[PDB]
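Coming up is one lone chain in structure tokens, specifically the form deposited without 2,3-bis(fluoranyl)benzenesulfonamide.
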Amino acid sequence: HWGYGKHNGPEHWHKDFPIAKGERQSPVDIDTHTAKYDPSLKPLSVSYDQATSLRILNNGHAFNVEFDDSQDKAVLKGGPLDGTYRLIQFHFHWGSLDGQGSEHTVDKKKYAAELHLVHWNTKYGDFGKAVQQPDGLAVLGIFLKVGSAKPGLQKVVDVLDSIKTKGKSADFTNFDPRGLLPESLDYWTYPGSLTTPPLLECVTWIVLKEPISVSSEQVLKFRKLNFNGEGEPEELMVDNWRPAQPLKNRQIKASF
């Protein structure tokens, strides 16, 4: 099946998912001189005080922290959005080296990792219906650079031991996503898609301008994960990032 190796990598996805070559594929390079300041764009509204995390699972191409989205407990509104988007899960993309790992790039600069906070439009009723709509999801993208430790990230770092191989899951309650946000909510936004199959073009991307920094040792633990299931030959979960896709006349707007 699809993965990130030379034989099942991003360059191959189009065979099973032709939308891979679509008009609004993600990620993209953010050209900062070409992005347009849009003054009509409202400030992002992140209300995560009532977030309920449930669990963490190694799905074979990352590890997701899942939240209870049966009520409007953790939501995103404002910015370029219309309505309420409920937080469903967050996951990262990282590299084998600190010089790569993010999906989105800024003026072609790659970061060590990229965090994606996935949200779905509540007028569609469920995540599965939302992925079939043009304004179905909203993904908050946050870049990670290696520097000082991120306190709020350590609880995640500590449980990875437990979900080492594909298919493993662990209880992961009372985790507050607020500890993963930078100070500034300035962002860039554009219409795009999921970055892993099915690559559905249902995403409004909100990429934060300010990176969060994490320590070399925190990123090191992400690289100890496996793409393989237990009792299989070990394959380090590294470089689970899709390269930049053509912008194709979409316009990137800036809130600043």
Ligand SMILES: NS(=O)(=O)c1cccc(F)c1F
Given for the second form:
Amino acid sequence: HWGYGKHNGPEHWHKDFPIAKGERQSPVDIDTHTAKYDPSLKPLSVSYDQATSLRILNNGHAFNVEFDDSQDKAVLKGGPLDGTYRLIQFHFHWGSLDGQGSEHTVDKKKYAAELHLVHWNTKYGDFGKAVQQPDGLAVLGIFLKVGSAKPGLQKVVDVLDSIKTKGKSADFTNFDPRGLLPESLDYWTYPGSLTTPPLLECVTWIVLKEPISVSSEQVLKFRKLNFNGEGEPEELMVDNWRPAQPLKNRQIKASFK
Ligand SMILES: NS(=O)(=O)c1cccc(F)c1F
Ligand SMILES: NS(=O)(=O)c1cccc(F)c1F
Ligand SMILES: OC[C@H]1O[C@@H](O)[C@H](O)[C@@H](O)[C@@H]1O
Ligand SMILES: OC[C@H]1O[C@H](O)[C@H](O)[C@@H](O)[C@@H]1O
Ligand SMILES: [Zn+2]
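Please supply the coordinates for the form solved in complex with 2,3-bis(fluoranyl)benzenesulfonamide, as a counterpart to the form deposited without 2,3-bis(fluoranyl)benzenesulfonamide shown previously.
After this comes the whole thing, all chains and molecules, with the earlier chain placed first.
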């Protein structure tokens, strides 16, 4: 199956997922000089006060923090979005060293990691139906740089020892994702895809301009996770990022002047 290594990584995915060479693939490089302010963007609304986290899972690619998405609780609205998008899960992409790990890049600069908060459009009823639609998903992307610790990340870091290997999960109730955001909601937006197989072209990307700072110790604990299952030879879970893909017939819009 697909992964990130030399023999099953991003350069191989097109053989089983031909959309990998499609017209609106993600991630992309964000050229900040070419991105244009868009006055038709409405105010962005991140409404996470009633979020209900449930569980954290090592899926063999990354770890997902899962939310109760049976009701609107935690929703993203506004900005480029028509309608209401409900939070289903968040996860990260990160590197083997601080100089790489992000999927999006900013004027070709790679960050140490990138957080993705995944939401689905409630007009389609369920995530599975949403991923059959051009406007089914909205992903809020946040860059991580290494500096001061992020206090709102520490609960995540401290549970990772209990989900070291593929297929392990743990209770993860009462986690507040608001503690993962930066101060500013300035953003760039463009139409794209899932960055993992099946690479479906369903996503409105909203990438925040301001990175969050995390400590070296925090990201080092991400790098102690394993891609492999229990009892199998250790393969550290690092470099679980797809590189930038061709922009093709797209424009990146900015929320700020
Ligand atoms: N196209 S894929 O990355 O999902 C893949 C899956 C299994 C074996 C492979 F060699 C391979 F490339
Ligand atoms: N990396 S990603 O945010 O594009 C992503 C990954 C897995 C499932 C998703 F729905 C998704 F959006
Ligand atoms: O035709 C002019 C239009 O070109 C488009 O490519 C841009 O997105 C618009 O901002 C601009 O007004
Ligand atoms: O909020 C997420 C988790 O944080 C800490 O691990 C708490 O000990 C646990 O009870 C909670 O589920
Ligand atoms: Zn992702």
